[PDB]
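Trainee: Here's the letter readout for the chains.
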Amino acid sequence: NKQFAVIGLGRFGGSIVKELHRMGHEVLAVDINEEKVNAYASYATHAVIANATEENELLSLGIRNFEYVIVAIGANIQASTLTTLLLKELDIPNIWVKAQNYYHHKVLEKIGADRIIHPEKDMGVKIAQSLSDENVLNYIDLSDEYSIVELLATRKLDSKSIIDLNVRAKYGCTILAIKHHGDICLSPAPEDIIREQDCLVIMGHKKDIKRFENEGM
Amino acid sequence: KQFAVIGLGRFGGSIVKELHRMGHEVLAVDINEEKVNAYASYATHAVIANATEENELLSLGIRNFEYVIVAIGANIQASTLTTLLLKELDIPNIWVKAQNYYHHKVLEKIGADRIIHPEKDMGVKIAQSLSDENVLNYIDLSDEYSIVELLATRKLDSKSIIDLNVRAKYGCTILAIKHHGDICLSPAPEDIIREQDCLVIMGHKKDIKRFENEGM
Amino acid sequence: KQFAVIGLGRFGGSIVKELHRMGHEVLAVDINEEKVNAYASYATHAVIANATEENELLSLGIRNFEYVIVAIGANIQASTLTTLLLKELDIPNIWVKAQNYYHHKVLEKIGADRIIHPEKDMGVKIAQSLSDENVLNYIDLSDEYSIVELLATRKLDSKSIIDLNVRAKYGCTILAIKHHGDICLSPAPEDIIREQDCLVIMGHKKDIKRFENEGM
Amino acid sequence: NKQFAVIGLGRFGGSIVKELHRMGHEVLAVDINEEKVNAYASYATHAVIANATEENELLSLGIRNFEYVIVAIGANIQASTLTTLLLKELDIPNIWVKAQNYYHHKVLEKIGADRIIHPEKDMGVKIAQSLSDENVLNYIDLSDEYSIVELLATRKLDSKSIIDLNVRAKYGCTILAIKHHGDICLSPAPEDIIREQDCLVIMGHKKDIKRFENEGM
Ligand SMILES: Nc1ncnc2c1ncn2[C@@H]1O[C@H](COP(=O)(O)OP(=O)(O)OP(=O)(O)O)[C@@H](O)[C@H]1O
Ligand SMILES: Nc1ncnc2c1ncn2[C@@H]1O[C@H](COP(=O)(O)OP(=O)(O)OP(=O)(O)O)[C@@H](O)[C@H]1O
Ligand SMILES: Nc1ncnc2c1ncn2[C@@H]1O[C@H](COP(=O)(O)OP(=O)(O)OP(=O)(O)O)[C@@H](O)[C@H]1O
Ligand SMILES: Nc1ncnc2c1ncn2[C@@H]1O[C@H](COP(=O)(O)OP(=O)(O)OP(=O)(O)O)[C@@H](O)[C@H]1O
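In order, the protein sequence lines correspond to chains B, A, C and D.
Counting from 6, one number per residue, gives the positions in the first sequence under PDB author numbering.
Counting from 7, one number per residue, gives the positions in the second sequence under PDB author numbering.
Counting from 7, one number per residue, gives the positions in the third sequence under PDB author numbering.
Counting from 6, one number per residue, gives the positions in the fourth sequence under PDB author numbering.
To be clear, the hints were calculated from the coordinates, so they are not data collected in a lab.
No residue lacks a Cβ here, since even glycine has one placed at the ideal position from N, Cα and C.
Some clues are possibly wrong.
[Claimed, not checked] A few chain B residues facing chain C, derived, Cβ under 7 angstroms:
(1) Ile82
(2) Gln83
(3) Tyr108
(4) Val112
(5) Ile116
(6) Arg120
(7) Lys165
Using the sequences and the hints, build the whole thing.
Mentor: In structure tokens:
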């Protein structure tokens, strides 16, 4: 099918190899630290001690055999940039790299990393949103303006109805799901009961939702 | 009202930086001087302090904060001691970064209010996108049901939504279409889907992957 | 023209020291305090600064400089970041020292204007002089044609310019003779060549070595 | 076959051992760092891990077999001085050493190094010349006063003739070569066309050339 190589068994890298392997893919786990390789031995199709900045060592892995190579070295900029440069030079189709900061992202961009990820910064802003707005449990941005948000229902909604407390007429948003005591009602039909601490999944404009949050909850 | 970010990591530093951009009251704490100096501009306040020493934590007036975030994820000893102090000092909400399953366990037992694994979580999400080249982004509603954002293949170019019904056929529902940046929230059949458009589907996790196989 | 030398190495420090002796405007930058103090006297100006931090580079007023030289050749991370900053800050001429082929490649891609390998270059030149004990110094005009300075053997002692011709015999041309320090430029046949006198020949690289074999 | 020994596989040393070997000489690559030796294994007649300051280790290499020994240790003064002292004591005919600074040069001079080189300082002044004078591409000094200089032709010379814009009479210098679009004209005969960005090779007095640079270009 398709073959994966995870260079850098960080908390990020190690989670990718561990997941991809649980999904039952072909994953090569690479790390310069022996102890890290030994640890992920059981959680990878394969584990190998190698310094990803040395070319001959990368060829020994048969890196050219991989469709996707992930460089999850995010603390060492020098290790990361050199490795990704090697990978691009060795004509790897998809190179996904972890970046440290804006500048590291810039170097990776210029040496042709195919997709760059800031796992910490991204999770940072998402957690910050949940801190600031105690109502938002989780969310996904469709664009800069429009977003799907999962909200914890306050007592301000306990035993309330949809045909009653409408959103798309009143706020221009649409409710997609309700989760009461673990049970899930997708594409719910008005009227439905919403209890307190229910997961309410709303969808629309980012500003529109926060207006509903203010006045509805 | 008031936020305290202890540990200006890449994770911690992003929280302070964001909360401050949102215009909240954020206290940036770090034992490393250079880190404090860096986040000075991106915080309501910056202070050099060793969060494991009690008197130093009191000097910050930590008891003044509604939410304290311990984004120390490499040092288990630093993290556990700090969080223990915070719980002992009766902070209402303590959010901590964990390193691994075991560190999570120690934090759980000393009463951290919410524990986060930013790397492991982002790990599984990125792995999903690696394995399934179609899934751009997603959010899990539960273990079984999920909302998924999909990149449309040539297998969908100039297809009508009602023509290629996801609902009747697969038990899923299409929520949005993004063509050339323009967004059609809650789209009405029929609508044109071009190649490389963002298709937002919703339903059962297994059901979606069945649509991915046969539809795309 | 205003010059900025970031990295007071043996290489960087020599550029600063020379440009300053020539009486230009040179800003000497280094993260190591002791290095800055040392080159204080040998620069228009010396400043302790970490060239990878942007605000620190702006504090120098780096955007003031026509030519900035990054003579950091041991630290690849320092070098690449600095040069990236310099390109981002729209510096017209960025001259960087490289460590190896790969470092050269990263610098190339982030838009360094001229890349130099002072050690590798001087390596091959010294190697030539080792292998061929006759060649004192040289300059390549191309890959094939070169001007070479040769130490005259006893095989040439008291030989005449026309007598031992190269303009007809080998297709090369003699440009200068240096006997006991005295210099005869574009010499007219016949001229006396003593032993150990610097002979400056010019032509094809292969042609010269043929003259070296048969003439000397 | 003349025999070469390169002690210290720096960027400088490693370049000598890589070049001499490409020329197909006999070169012994020595370094105390294992990883360095392993790297230059392919690019040397031989590679050996050895501490050049220990005598017995130097004898084990059979150093007395070598006509030319190059000590390209330029960061460690103690390593360099001791090594060179050993080499002189062991009666090596030609000892070429890399120096760090004026003082290191002095120590080497007194312990009988046969030729001392400052690769960085030398390349420093040459590059500085090219920075200051944007016209000079490359040069070679015949003495302190007289020099052969390679110059990039400005628009101030585009489609100009040789005998038209004479140097042999006007400035006391002589043009030796012209390089237009890669093609090379050695000992050019007046008149010849000089286009813009054409490599012009002039020869004469250092002051004389810069006078031509000012008024001609
Ligand atoms: N040259 C290399 N080749 C392969 N792996 C390397 C190399 N250098 C470092 N690593 C490994 O890559 C992994 C990436 O960790 P990195 O410590 O440098 O920090 P990190 O990306 O911030 O970690 P985390 O994912 O937990 O946030 C480590 O296990 C490290 O040993
Ligand atoms: N005793 C302490 N008190 C307060 N802050 C500390 C203390 N010890 C360490 N820190 C800081 O807290 C932060 C925690 O970072 P830690 O490097 O050690 O890894 P990390 O949290 O996983 O990094 P990252 O967030 O980038 O993934 C760092 O800025 C560190 O300097
Ligand atoms: N971020 C920085 N900002 C300014 N100067 C720096 C920075 N980082 C390193 N330097 C300085 O630049 C130089 C780094 O180059 P490196 O000395 O280690 O030597 P080199 O370029 O490989 O060769 P050489 O010493 O012969 O010039 C050092 O002098 C160091 O003090
Ligand atoms: N005592 C020794 N015995 C054997 N090898 C040594 C000894 N000392 C240094 N070396 C090696 O010789 C080399 C000399 O490099 P040196 O770092 O010390 O600085 P350098 O001459 O400025 O480097 P560069 O050639 O890049 O300019 C290194 O590879 C080093 O490992």
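Trainee: Taking the hints in turn, state whether each one holds.
Mentor: Verification of the supplied hints:
no.: 1; hint: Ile82; in the structure: holds (5 angstroms)
no.: 2; hint: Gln83; in the structure: holds (4 angstroms)
no.: 3; hint: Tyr108; in the structure: holds (6 angstroms)
no.: 4; hint: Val112; in the structure: holds (6 angstroms)
no.: 5; hint: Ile116; in the structure: holds (5 angstroms)
no.: 6; hint: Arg120; in the structure: violated (17 angstroms)
no.: 7; hint: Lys165; in the structure: violated (52 angstroms)
Checked against the numbered hints above, the structure violates hints 6 and 7; every other hint is satisfied.
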